[PDB]
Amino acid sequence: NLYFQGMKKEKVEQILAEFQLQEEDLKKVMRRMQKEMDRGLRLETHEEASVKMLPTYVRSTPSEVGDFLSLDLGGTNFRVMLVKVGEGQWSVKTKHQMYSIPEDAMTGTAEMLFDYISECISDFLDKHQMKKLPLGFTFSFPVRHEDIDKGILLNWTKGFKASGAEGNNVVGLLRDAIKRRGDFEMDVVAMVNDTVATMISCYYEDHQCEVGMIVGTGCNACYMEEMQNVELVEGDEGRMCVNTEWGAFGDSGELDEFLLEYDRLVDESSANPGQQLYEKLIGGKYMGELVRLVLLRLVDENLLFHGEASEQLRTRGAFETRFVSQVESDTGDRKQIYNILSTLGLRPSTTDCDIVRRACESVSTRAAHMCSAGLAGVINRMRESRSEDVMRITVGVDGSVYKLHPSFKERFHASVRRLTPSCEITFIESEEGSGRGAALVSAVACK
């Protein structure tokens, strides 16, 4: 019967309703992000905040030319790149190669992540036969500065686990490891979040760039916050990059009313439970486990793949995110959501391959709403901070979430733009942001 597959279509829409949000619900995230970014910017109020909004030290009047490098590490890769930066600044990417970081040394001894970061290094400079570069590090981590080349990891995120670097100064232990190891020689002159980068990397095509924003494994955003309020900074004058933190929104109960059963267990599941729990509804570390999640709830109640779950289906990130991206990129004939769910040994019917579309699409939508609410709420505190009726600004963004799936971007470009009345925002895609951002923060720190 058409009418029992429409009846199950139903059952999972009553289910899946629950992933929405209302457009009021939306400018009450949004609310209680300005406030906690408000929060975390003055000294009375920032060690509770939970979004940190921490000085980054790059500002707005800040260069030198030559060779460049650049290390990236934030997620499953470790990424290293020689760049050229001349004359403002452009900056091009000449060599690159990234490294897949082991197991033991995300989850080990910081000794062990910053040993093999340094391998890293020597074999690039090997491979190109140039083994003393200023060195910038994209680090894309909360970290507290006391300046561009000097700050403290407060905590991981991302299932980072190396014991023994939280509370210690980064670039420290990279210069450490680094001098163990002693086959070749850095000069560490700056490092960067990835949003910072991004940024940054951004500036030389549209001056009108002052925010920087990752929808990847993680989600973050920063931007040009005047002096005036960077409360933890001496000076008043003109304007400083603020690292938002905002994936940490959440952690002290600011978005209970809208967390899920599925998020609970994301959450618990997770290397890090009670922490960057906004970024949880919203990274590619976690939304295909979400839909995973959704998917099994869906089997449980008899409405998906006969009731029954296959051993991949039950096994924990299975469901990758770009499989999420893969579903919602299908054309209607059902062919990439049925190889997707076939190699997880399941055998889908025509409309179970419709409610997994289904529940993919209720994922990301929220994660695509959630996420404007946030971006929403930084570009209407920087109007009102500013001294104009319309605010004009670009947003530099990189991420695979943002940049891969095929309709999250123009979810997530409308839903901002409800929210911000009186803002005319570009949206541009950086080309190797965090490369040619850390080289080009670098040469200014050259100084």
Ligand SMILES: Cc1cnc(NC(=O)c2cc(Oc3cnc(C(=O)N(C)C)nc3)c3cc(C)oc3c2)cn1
Contents of the next structure:
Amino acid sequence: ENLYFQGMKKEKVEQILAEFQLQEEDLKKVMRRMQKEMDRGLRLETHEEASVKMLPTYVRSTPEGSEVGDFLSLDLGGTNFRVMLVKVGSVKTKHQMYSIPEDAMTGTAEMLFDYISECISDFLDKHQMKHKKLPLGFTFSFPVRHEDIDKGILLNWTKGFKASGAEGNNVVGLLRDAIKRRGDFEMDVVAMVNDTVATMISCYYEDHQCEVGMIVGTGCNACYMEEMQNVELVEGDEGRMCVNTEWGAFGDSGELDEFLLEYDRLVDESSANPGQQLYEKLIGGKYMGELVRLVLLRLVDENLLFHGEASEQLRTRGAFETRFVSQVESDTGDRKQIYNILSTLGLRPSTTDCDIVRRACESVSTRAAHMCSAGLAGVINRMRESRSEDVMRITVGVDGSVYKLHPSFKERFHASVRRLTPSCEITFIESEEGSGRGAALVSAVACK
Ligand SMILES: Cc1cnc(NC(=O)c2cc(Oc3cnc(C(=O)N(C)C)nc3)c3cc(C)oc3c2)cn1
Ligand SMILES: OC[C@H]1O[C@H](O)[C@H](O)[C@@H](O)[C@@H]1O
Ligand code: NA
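Having seen the form solved without the ligand, can you show the form deposited with the ligand bound?
Whole complex next, starting from this chain.
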């Protein structure tokens, strides 16, 4: 054992883990670069080359006038596929979740939308309603270049999605075509929204100060209410329009290069979209645990962890799940939680190994919280400037398992957004069934 040696090991672990550190000045630089990229995406002259697409959603700040009744909501792209029935009068919901097979997410668009329509059919039978033709709102968690609220093309798949015959086509069209092939129900697709947009809308229903939507789950993205005069891609300078930043693609033109560590390159190289969504790759739940797995293999190689031996499970892709990062950080100090996770990964961890794993997890999750904060602060700072407000009071509607379930992420992120947002008063709100509710609320407003 030896207490002096155990300590020397933790000191070398720390020297390696120090590479994850971001100073406040590094965060201001990342923020200013994000802001620079946001200005570029919004302008007609630089939009095509901008990595941050600042996509117009066609969701506008409207005086009001919502329709009443039953609205169907679809949710694709997060954790599984969701069908929701929404009653607007007051808003009450009925919902069901479906596990998307891999063969659908990695086969053809036809297979993907066929499965989606099969699920819709099943939801309608379980609620006895495959006869009623309802207005339908679609949450589609991918970059889309809109023509209108109900018409938009998929730019590219993100988060490991690979279905053929989708990129370059109208997503509402693919959906509508799938429903017709099946022929057992009828729906009127009135709106297609990003998950950030749906979250902002459902959170706004509870707090009218909500004008920013943020996702920190499988992926990482944000939307906000932009001045119509700044939205150059849409003719008009009156009122506001929701803009999907698609900030996951920040760093794709080399904007984050000085901060990319070896673990980031490996995660990217072994990903379904290499060279894409690099900022998201620093924060997202699809990558977080994989980043911890890579750091652990590095420490196994320096003879600082597990007697320098990694098990088959520790050398398995995606084996250190993001939930294990959250769970390792939940550990009360007894090390029981860390121990069980490691035992299940075929390791014989000592108390020191448990502590080192705890440290690698905090280094990765604290970096994610800090990178994410630079992005939110840039959006918020830009809004304060655009609205020419001395002190801007805004509410941010947030969804996702990383922001929601990680034990310290949320706290580290809020404190870092605060340091970077002086003269800003930010309220953070967590969405209760965010996406589904949001897509139907936009549908009720749109259905006039
Ligand atoms: C074509 C088009 C253009 N813009 C929109 N625009 C919209 O649908 C719409 C709905 C909104 O949120 C709402 C949430 N709930 C309710 C509500 O209480 N209902 C009963 C629905 N209303 C609004 C918000 C909030 C912001 C900051 O901008 C919004 C736009 C919709 N369609
Ligand atoms: O799900 C969170 C985010 O993940 C990815 O970055 C998608 O491209 C984006 O559309 C979505 O909002
Ligand atoms: Na405009």
